[PDB]
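Q: Listed below are the residues making up each chain.
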Amino acid sequence: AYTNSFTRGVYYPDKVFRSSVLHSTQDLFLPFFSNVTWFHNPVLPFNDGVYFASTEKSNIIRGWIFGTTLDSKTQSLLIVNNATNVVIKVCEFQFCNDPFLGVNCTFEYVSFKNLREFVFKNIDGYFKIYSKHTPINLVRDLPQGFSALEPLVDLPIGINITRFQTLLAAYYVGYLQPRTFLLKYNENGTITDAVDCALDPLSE
Amino acid sequence: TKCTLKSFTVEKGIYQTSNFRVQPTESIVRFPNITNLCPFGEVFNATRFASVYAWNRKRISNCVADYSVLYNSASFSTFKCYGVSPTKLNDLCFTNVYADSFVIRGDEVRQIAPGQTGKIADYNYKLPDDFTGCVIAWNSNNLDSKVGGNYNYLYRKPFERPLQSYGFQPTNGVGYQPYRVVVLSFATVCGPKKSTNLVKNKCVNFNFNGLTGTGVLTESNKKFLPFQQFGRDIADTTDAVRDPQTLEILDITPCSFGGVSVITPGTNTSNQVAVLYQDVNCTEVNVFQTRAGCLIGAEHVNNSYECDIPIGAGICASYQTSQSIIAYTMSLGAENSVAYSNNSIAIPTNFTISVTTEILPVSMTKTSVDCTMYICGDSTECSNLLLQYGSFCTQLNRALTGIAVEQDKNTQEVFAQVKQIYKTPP
Amino acid sequence: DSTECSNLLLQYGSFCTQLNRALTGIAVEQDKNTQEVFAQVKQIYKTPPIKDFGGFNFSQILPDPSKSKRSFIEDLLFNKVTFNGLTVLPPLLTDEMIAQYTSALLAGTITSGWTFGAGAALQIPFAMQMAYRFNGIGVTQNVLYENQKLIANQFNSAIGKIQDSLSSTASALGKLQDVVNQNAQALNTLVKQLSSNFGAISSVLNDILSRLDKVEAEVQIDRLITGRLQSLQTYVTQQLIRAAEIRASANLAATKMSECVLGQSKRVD
Amino acid sequence: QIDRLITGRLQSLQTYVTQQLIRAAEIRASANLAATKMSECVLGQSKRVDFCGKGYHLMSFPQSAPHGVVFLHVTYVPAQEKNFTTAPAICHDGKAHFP
Amino acid sequence: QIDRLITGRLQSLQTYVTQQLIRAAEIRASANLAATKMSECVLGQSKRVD
Amino acid sequence: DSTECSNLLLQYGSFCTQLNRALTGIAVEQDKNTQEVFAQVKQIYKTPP
Amino acid sequence: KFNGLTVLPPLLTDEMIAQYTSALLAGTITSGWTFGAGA
Ligand SMILES: *[C@@H]1O[C@H](CO)[C@@H](O)[C@H](O)[C@H]1NC(C)=O
Ligand SMILES: *[C@@H]1O[C@H](CO)[C@@H](O)[C@H](O)[C@H]1NC(C)=O
Ligand SMILES: *[C@@H]1O[C@H](CO)[C@@H](O)[C@H](O)[C@H]1NC(C)=O
Ligand SMILES: *[C@@H]1O[C@H](CO)[C@@H](O)[C@H](O)[C@H]1NC(C)=O
Ligand SMILES: *[C@@H]1O[C@H](CO)[C@@H](O)[C@H](O)[C@H]1NC(C)=O
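Chains as they are written, first to last, in the deposited numbering: chain A, 27 to 66, 81 to 143, 165 to 172, 186 to 242, 263 to 298; chain B, 299 to 454, 462 to 466, 491 to 515, 522 to 620, 641 to 676, 689 to 793; chain C, 745 to 811, 813 to 827, 855 to 1041; chain D, 992 to 1090; chain E, 992 to 1041; chain F, 745 to 793; chain G, 854 to 892.
In short, the hints are calculated from the structure, not lab data.
Check each hint, because a few of them may be wrong.
Claimed, not checked - Not everything, but these chain F residues come out facing chain C in the computed CB check (under 8 Å): (1) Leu752; (2) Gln755; (3) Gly757; (4) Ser758; (5) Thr778; (6) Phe782; (7) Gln787.
As the list claims (entries may be wrong) - Covered stretches of chain B (in silico footprint by chain C; criterion: 3 or more residues with CB under 8 Å from a CB of chain C, positions within the stretch not fixed): (8) 654-668; (9) 710-724.
Stated by the list, open to error - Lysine-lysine pairs mimicking BS3-like chemistry, simulated, CA-CA at most 25 Å apart: (10) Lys310(B) <-> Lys41(A); (11) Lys304(B) <-> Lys386(B); (12) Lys1038(D) <-> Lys1028(C); (13) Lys558(B) <-> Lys41(A); (14) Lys129(A) <-> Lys356(B); (15) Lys278(A) <-> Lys386(B); (16) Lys378(B) <-> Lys310(B); (17) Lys1038(E) <-> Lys1045(D); (18) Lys1038(D) <-> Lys786(C); (19) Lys1038(C) <-> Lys1038(D); (20) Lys776(F) <-> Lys1028(C); (21) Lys1028(E) <-> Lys1038(C); (22) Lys776(B) <-> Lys1028(E); (23) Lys786(C) <-> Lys1086(D); (24) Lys1045(D) <-> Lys1038(C); (25) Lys1028(C) <-> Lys933(C); (26) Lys1073(D) <-> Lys1028(C); (27) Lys814(C) <-> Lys1038(E); (28) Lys964(C) <-> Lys278(A); (29) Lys113(A) <-> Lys356(B); (30) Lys964(C) <-> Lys41(A); (31) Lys776(F) <-> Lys964(C); (32) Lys1028(E) <-> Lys1086(D); (33) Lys790(F) <-> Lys1028(C); (34) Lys921(C) <-> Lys1038(E); (35) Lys1045(D) <-> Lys776(C); (36) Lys310(B) <-> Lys776(C); (37) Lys776(F) <-> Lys1028(E); (38) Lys790(F) <-> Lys1038(E); (39) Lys356(B) <-> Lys206(A); (40) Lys310(B) <-> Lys854(G).
The beta-carbon is built from N, C-alpha and C at its ideal position, and this holds for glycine as well.
Using the sequences and the hints, build the whole thing.
A: Put into structure tokens, the structure is as follows:
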């Protein structure tokens, strides 16, 4: 099943302040009005990097795994929200194939009512995580609006990724693409509107 | 000015001659509060080590390499380096930072050489055939070894056991007595980036993290988001930064600079000159401030005169009465109240013929350039290379010939409007 | 201000000095253009205290001590048009001096006809200056006097419509606005070109000098010098062409001052 | 080495020819103006105020000059004046007379 | 190798566009003159000798 | 129309865009020149037959 | 000065220009505007 992504999934492309300016960049973004797959789990492709979001209120969507195999053979990302905060490991996890929370190694780290949104991308050997949170009215799909995602963490871990999966109530997946964007930074240094230049002839 | 124009005589005017450019008064370096240091005491303050026939090897990554502390540890039983030196290694970084340790006899300096030798090295405690980094040892026979000795010996690749462990004791001579061997080697782990105090309202050299520059750092009102580090202007030039040790936003305004221009009367009349520092504020440099910049050596005169040497923004300068350079607001012409009323007219009673000269150029010097001789004169070697650029010399010589023919056209267009060469009457 | 780059730029010789000379010629051309348009009058003629111009009403176009001295229409016009080694330079004549010339030209034109171009300004009543401008278009001057208030009402009304035409839309000033935008666009293009790599390892000059030893850095910096210098030659060439385009407009405006303000040109349209 | 000298000398000569094209267009603007001054003020009498020197125009005489031309514009300039009382028209037998 | 062709072709195209800008000023000077002839010499009778 | 070449031409930055912009400036100006010359008339007049 | 740079002479000599300014001037004196408008 699929739903329209609307104008969602834009994120701050760099750690820079700019104000009252229409800056433009080519980077891995979720294309405007792209198909986001809907889910309520199988190992998914990672492609050019991922947009992930969940309409949630139970906080049962709780973790992510990434890698090539994403299991046993090589150092593989394990990310969990443990009710303190985010917790991260990268071990060669030969762990259970479909875990649920109660209703070798090279790095380790510690940090519906809502839509919580995220982006995961891998560039040059850094792994990047972004996020945003909002209250919502709509239940079946993403709410039609605009609100940019902000960096959380910025990890020098060097691991290869081609697949990902999620750990145990509704969520959405989309893939980033090398689109060029125009970004409307306001007086207070926030992105407040955008153009996916490739979308239509007016957008070009 | 004489050197600027490559001439000893200088005509009356104003001439740009140099840049005024305020130099950085000191240098600033800023990085985050130094944190997450490498726990080197996990090797360098350990109570013991495994025997040289089973010598330990480990990573040392994801942490700040506090080598300045081990560099001051002159109480070490031994130290050396081979892929680096301890004066630089405290500022260096490792691409895949690593460490090693073992228990061995004091003779194990023969085990520290690349492709190491002797019983501990042949057992397992040997250095790589192309070794790198630095090595240390700690005084185990002083207190970590009891009078009966300890398993700090071995006999026959790095950390690979064809080998077995053995005893050594603090009652032995310096080569036989036990010591706690240690190693470190070559991103994974970098030395601490030291920071200066921060300085404001002065032209200063700076670095924030890796953002180098030179500027006048001033505190600012701007609201960065918490993840934002640097600001930019509309043309993408950096306009402000966040300090990494307190949450302050500083405008990086430029260090003051501008063209030096020299006002001179003609050198045939005087050798006095006055200097305009373009858009400078005079406190930074008689002295006079103008909208064009700081003017030095010109007397300000409060009267107004027609513009002799133009400075800008209504200011002009001249050489006048003992004489000196003066600067004044230019006269546009004398005032005149035309005596208008609804029933008055002024009619001229008399006239003058006037014979106003007017002067116009009509031709350049007709010119042609042999681009083959200009670029490559007499060289066949160069002339062949010029042909790899194709049509350019043909196009240049054509363009100049277009100008050349146009000069004869211009001259005929002006004068040759007359069909017959009229003689005067006699 | 990198010394390592500055020494390499000396090997290109007189290129910098002839670029600075070319731009300095353009700077002088602007003071010269402005002189040739406005400074056509040798004396600053000034407006009389009485305003009895037979019914005509110049109060929107004459000076105002509450407005700088600019007229009401000059204030509309001044409202509707709107550090990398680059510097702007001031005009020789400030806007308060330009306003004195456009006042002098206008107060001459009102009180004295064309005569203030031909010699000394000679006063003539405004209702008579219009007769000797109707005769200039082959209308017998009694067609003014028998209609003097009707003609004044049309002139005063049309001046009122110019205040509205300028107040409502900037589109009439599109030429001036475009000239300002073109210069800002050229300067922005020239600044943005500092960020371009030109086949070098980085466009940050100190970054090259941090990554590389001198003989490698020399070739990398020589690319940036070549790219930036070609971008400067491009900008200066474009500004020389643009300056000739403005100078052609300045010669035309100077000619409209000379024939069309200071006289009555019979050149149709 | 010679590729550097060729590229430099060639970029320098393109700069010179570019300067001369633009300078030649400025001199053509002046030659077309001079041609016009000659047609209107030597071969004619211009009514274009201040086109042929200050004053009302009478005639002009060209004189040649190195790479250019000089005009001696002969102009009538009015030079002494009297204030007078004036009227746009005058009555007679109830009819208005005009000059 | 390709950077030499880009360098050459870009400098060649900049030469062409520079030349066309200067030529368009020569043509615009002629078009302003032509428009001036149409205003003064067609739409009216001109006393401007020759 | 080579990708491997265009990726280098991007490293020269704004040169190509300002060439397209300069020639587009020439192009529009010809339509202006032709309207300056001929479009001086508010109506299409016709003769008597 | 030998480096392929050359200055070329004008088509009209300065004496020929002085014949045209003589012709223009002798026209202007003897015949007014008439020598532009034909005979
Ligand atoms: C979350 O993880 C940390 C260690 O990573 C642990 O100390 C903490 O107890 C965990 N939180 C909860 C609620 O158990
Ligand atoms: C800077 O210039 C202004 C005038 O532009 C002047 O008022 C001010 O005093 C100057 N500031 C300093 C610190 O000299
Ligand atoms: C007119 O001026 C001349 C000097 O230019 C003078 O000699 C002559 O007498 C004047 N004529 C009258 C009528 O004043
Ligand atoms: C002139 O017109 C303005 C409005 O356009 C008005 O304020 C002023 O009173 C008028 N004065 C005369 C003399 O008509
Ligand atoms: C004309 O008369 C007025 C006084 O009514 C006087 O100010 C003005 O200077 C006179 N002009 C001449 C040329 O005499």
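Q: Now tell me, hint by hint, if it's right for this structure.
A: Now for the hints, and whether the structure bears them out:
1. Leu752: Holds - the Cβ of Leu752(F) comes within 8 Å of chain C, reaching about 7 Å at its closest.
2. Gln755: 4 Å, holds
3. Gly757: 3 Å, holds
4. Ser758: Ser758(F) check passes; min Cβ-Cβ to chain C is 5 Å, inside 8 Å.
5. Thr778: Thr778(F) check fails; min Cβ-Cβ to chain C is 17 Å, beyond 8 Å.
6. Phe782: 13 Å, violated
7. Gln787: Not OK, violated: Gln787(F) not within 8 Å of chain C, min 16 Å.
8. 654-668: holds (count 4)
9. 710-724: holds (count 6)
10. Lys310(B) <-> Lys41(A): 54 Å, violated
11. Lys304(B) <-> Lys386(B): Not OK: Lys304(B) and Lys386(B) at ~50 Å, beyond 25 Å, violated.
12. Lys1038(D) <-> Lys1028(C): Since the Cα atoms of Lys1038(D) and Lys1028(C) sit roughly 14 Å apart, the hinted pair holds (cutoff 25 Å).
13. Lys558(B) <-> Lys41(A): 14 Å, holds
14. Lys129(A) <-> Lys356(B): OK: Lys129(A) and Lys356(B) at ~19 Å, within 25 Å.
15. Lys278(A) <-> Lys386(B): 46 Å, violated
16. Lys378(B) <-> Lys310(B): Measuring from Cα to Cα gives roughly 72 Å; hence the hint is violated.
17. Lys1038(E) <-> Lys1045(D): At roughly 20 Å apart (the allowed maximum being 25 Å), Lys1045(D) and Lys1038(E) satisfy the hint.
18. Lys1038(D) <-> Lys786(C): 21 Å, holds
19. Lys1038(C) <-> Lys1038(D): 9 Å, holds
20. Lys776(F) <-> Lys1028(C): Given that 25 Å is the threshold and the Cα spacing comes to 21 Å, the pair holds.
21. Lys1028(E) <-> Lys1038(C): 14 Å, holds
22. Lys776(B) <-> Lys1028(E): 21 Å, holds
23. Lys786(C) <-> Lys1086(D): 43 Å, violated
24. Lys1045(D) <-> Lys1038(C): Roughly 19 Å between the alpha carbons, so the hint for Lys1045(D) and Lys1038(C) holds.
25. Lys1028(C) <-> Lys933(C): 23 Å, holds
26. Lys1073(D) <-> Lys1028(C): Roughly 30 Å between the alpha carbons, so the hint for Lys1073(D) and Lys1028(C) is violated.
27. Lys814(C) <-> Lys1038(E): 40 Å, violated
28. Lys964(C) <-> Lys278(A): 19 Å, holds
29. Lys113(A) <-> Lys356(B): 21 Å, holds
30. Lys964(C) <-> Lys41(A): 20 Å, holds
31. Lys776(F) <-> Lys964(C): 31 Å, violated
32. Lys1028(E) <-> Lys1086(D): It is violated: about 45 Å lies between the C-alpha atoms, which goes past 25 Å.
33. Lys790(F) <-> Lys1028(C): Violated, because 34 Å separates the two Cα atoms, which is more than 25 Å.
34. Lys921(C) <-> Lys1038(E): Distance of about 34 Å is beyond 25 Å: violated.
35. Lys1045(D) <-> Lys776(C): 19 Å, holds
36. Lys310(B) <-> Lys776(C): Measuring from Cα to Cα gives roughly 18 Å; hence the hint holds.
37. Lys776(F) <-> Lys1028(E): Roughly 16 Å separates the two Cα atoms, so the pair holds.
38. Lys790(F) <-> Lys1038(E): Violated. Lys790(F) to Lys1038(E) sits at ~28 Å, over the 25 Å cutoff.
39. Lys356(B) <-> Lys206(A): Answer violated: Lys356(B) to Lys206(A) is near 39 Å, above 25 Å.
40. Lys310(B) <-> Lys854(G): 30 Å, violated
Of the numbered hints given earlier, the model fails hints 5, 6, 7, 10, 11, 15, 16, 23, 26, 27, 31, 32, 33, 34, 38, 39, 40; all others are met.
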